[PDB]
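For reference, the chain that follows is the form solved without guanine (GUN), supplied as structure tokens.
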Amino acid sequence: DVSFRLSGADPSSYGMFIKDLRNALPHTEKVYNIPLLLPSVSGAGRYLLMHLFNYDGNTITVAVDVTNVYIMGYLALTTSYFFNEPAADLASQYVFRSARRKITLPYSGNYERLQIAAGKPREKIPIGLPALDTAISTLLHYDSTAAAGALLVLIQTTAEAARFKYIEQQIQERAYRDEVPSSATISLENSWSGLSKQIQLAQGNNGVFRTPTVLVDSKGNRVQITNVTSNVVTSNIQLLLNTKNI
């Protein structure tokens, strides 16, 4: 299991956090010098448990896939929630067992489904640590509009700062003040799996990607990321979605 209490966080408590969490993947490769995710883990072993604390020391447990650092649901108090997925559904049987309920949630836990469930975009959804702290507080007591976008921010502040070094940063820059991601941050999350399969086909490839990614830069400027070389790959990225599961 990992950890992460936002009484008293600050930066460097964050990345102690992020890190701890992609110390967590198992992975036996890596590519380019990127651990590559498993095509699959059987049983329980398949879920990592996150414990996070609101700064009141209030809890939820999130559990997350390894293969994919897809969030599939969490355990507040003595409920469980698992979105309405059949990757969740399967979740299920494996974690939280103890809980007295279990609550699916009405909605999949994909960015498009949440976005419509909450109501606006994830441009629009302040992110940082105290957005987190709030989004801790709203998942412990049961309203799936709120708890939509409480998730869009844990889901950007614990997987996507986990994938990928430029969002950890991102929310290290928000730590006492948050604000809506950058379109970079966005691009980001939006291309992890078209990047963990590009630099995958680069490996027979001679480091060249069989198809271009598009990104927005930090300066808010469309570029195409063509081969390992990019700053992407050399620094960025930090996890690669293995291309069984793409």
Contents of the next structure:
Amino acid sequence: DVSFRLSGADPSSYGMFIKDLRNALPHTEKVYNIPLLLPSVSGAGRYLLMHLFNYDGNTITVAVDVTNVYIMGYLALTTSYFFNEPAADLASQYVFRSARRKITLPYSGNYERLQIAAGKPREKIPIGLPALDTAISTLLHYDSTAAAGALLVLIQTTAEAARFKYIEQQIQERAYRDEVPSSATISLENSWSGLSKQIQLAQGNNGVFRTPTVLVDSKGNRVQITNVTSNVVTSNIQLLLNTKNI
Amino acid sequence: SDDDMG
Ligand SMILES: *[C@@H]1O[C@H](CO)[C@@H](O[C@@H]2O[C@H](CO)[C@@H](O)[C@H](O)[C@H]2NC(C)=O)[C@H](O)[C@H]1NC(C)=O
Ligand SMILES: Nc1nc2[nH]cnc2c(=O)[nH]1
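Alternative state: the form solved in complex with guanine (GUN), after the form solved without guanine (GUN):
Every chain and every other molecule in the complex is listed next, the one we just looked at coming first.
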């Protein structure tokens, strides 16, 4: 398991949590020095449990698929909650079984569905450590509309930060003040599967992407990523989604 | 690799 406590949290303790999260994800292989997530894991071992504590010390446990870093559901006291999707239903077979009741959320866990349920795109939802505190608090008691927004914050401050060093740094900057994600942040989130694929295809193509990936940079300018010498690849991306799962 | 805000 991994844990993160918002009480006393700072850029350093948040960095440690993201480190812990990354290190909890198994890999047999590194590709261009980036850990390659596994094609599959059988049984309960597929799911990492993240214990998150709000400023007041109240807690939720979040179930994360270790092959793709996908949040499946969470436990809040004696109630489990799962996305309305086959992968999450499968997860419910293995995690939080001892909950007194299981609620299926009235949406799947993808960004498009969550944004619809929340009534807001990510571009308009501030993120940061304070936002994460709010999200944990929201998830403690069932409210499907509020939960969609909370989940958008949760996903970006945990899984997306784990995937990209840039996103981790962005959350660190938002340790005491929330701010909407940068256009670069949104770009990276949207491109993880694409980037993972191209980095893997580059292995037998002399480090050249079979198809270039279009990204937005920190200055807000639209770059094109064509090979593994790119800063995205050498410094930013921290985990690779296995091409078997693309 | 880049950084701040947005
Ligand atoms: C591999 O990627 C680098 C970019 O990371 C490419 O070099 C850049 O692209 C053009 C010049 O061709 C300029 O706009 C950039 O300033 C270049 N940057 C650097 C640091 O060289 C390079 O052309 C790519 N190589 C291949 C084989 O696709
Ligand atoms: N549950 C979940 N949904 C997502 N939608 C986009 N990224 C993610 C993620 O990491 N987890």
